[PDB]
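In structure tokens, the next block holds one chain alone, the form deposited in one PDB entry.
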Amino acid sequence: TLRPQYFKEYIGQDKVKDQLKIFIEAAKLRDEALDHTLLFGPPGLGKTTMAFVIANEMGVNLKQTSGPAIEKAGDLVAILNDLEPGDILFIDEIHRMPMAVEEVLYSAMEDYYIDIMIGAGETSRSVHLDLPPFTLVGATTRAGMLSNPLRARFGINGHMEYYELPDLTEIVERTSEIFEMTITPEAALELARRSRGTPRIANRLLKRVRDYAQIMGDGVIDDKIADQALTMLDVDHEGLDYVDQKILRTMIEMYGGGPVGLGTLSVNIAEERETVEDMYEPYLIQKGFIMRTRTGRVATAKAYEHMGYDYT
């Protein structure tokens, strides 16, 4: 299967993985439910994949839903009240729940009970509905969008980190065995170093290289085919796309490296201001090719030697 199922198969995330192991083992010695867990961090690092692994290691059934599908308290109350002892409730994109619904979970998470209105007219009554022990697991990209009293109730916090070349190369090799393809250890490293640190991007590059190898090649991925395929996609050995290279080149040849404003640079590449700041500039800054200053953007020494100019 494409998604790992146990901690043996889950590569990387040593900090989060090592922590979860200790908490799972201690919970089993006490024969009690696991504490509530919140998983957050950048897109595509394995948040959803981890939520399933947690259920398998605990050996219990996993019930799944999503924030967008819950629209009113009546819906949530119907998901609850159907839970059995030790069940795990997983909610993806939990930040989309209406704030009027989040405030129902406040009592459920701390005391395992909820308030309900029942009856009609003079017969109406309010009673406590008592829930069995359970573990709520949430995954989100926008943790700052949750209410302050809700974040305070999660007992375990997992913040995901980017991967490194050794771990990504192993992921590429594993995926290359789900498909029925041979890949030379040198070719795998060449794709891993261009995947910007993210497993989803590594899998995407492999799929595209495969289509080439079986149309313009003999059906095997080797050092010769990888170089040709990556040249067609036009991805630099640092992962810089065609437009990424054009940005750095223009800063060096017309503005002498800057400083230059975002408006001035956008017009010279025919790109609109809102795409440059949200798609291309973020990775260039995080990798040290560009520096932001009060005067404008400036190219670093690292950018000069990568493009081949002289740092005069």
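We call the rigid core the largest set of C-alpha positions that still match within 1.5 Å between the two forms. Numbering follows the first chain given and starts at 1. What changes on going to the form deposited in another entry:
When the two forms are superposed on their rigid core between the two forms, the C-alpha shift of 2 Å or more among 33, 55, 252, 70 belongs solely to 252. With the core held fixed, the Cα of residue 304 is displaced between the two forms by 2 Å or more. After superposing the rigid core, the Cα of residue 230 is displaced by 2 Å or more between the two forms. After superposing the rigid core, the C-alpha of residue 291 moves by 2 Å or more between the two forms.
I've shown you the form deposited in one PDB entry. Could you give me the structure of the form deposited in another entry?
Below: the lone chain, stripped of partners and molecules.
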């Protein structure tokens, strides 16, 4: 498989990786389970992969589910009842599970037990069930949307961040060997620059560039070929996608840089307002291409010079 299995193979995330090593080995010296750990950050940074690495370093079998996959307390009760001592449970988008599901998790995390009422009318009893020692691993895209009392239960916080050019270039090379593709150190740098920090994007771009090089070339990925392929795929030199270019172009040409409301913009381009604000705007904000104001979004001077329009 492409994904790494041990801390030696996992490139980057030096801070998170360095912290986890100390805690994982310390837990072994005391012969006890690892404290509950929360991983968070932009999608595709490797949160899921890290969970598998932790399991191998611990020597445990991973179990998995997701917030949207759990809809009733009985589901989590069954899941938690289907646990073995030392097991590691990974829950994707732990913040999306309903408020009724967290009820079970608080006592499960802190005391490792659950309580279920039984009986009706004049009859009323409950069953208190002990849980074996386990390690919950949660992952989310947004930390501020997690339940405050739940957030307080996590003992370790792992903040993922974007990879730098040295790491992404090494990841591109690693993957290229699996495809038996010949790529020079120059071409690998171009893909790393325009993949805007995300390994998942780099792997997808590489496969698409390969198909072009196998026809419009002799199967050798040259820097000249990579640039021609990237323009055919409509990928900007700044890593702006087709949708990103469409947004900036519309604000400058139709609104003089704004201000413009999210609804008006989302109606001009055939997009859902919830998608624009969740998928695309976050990246454009972090790079300062779009700024938020009382009257709406505004394109900065940086955007004008990039697109090639004279600023006012």
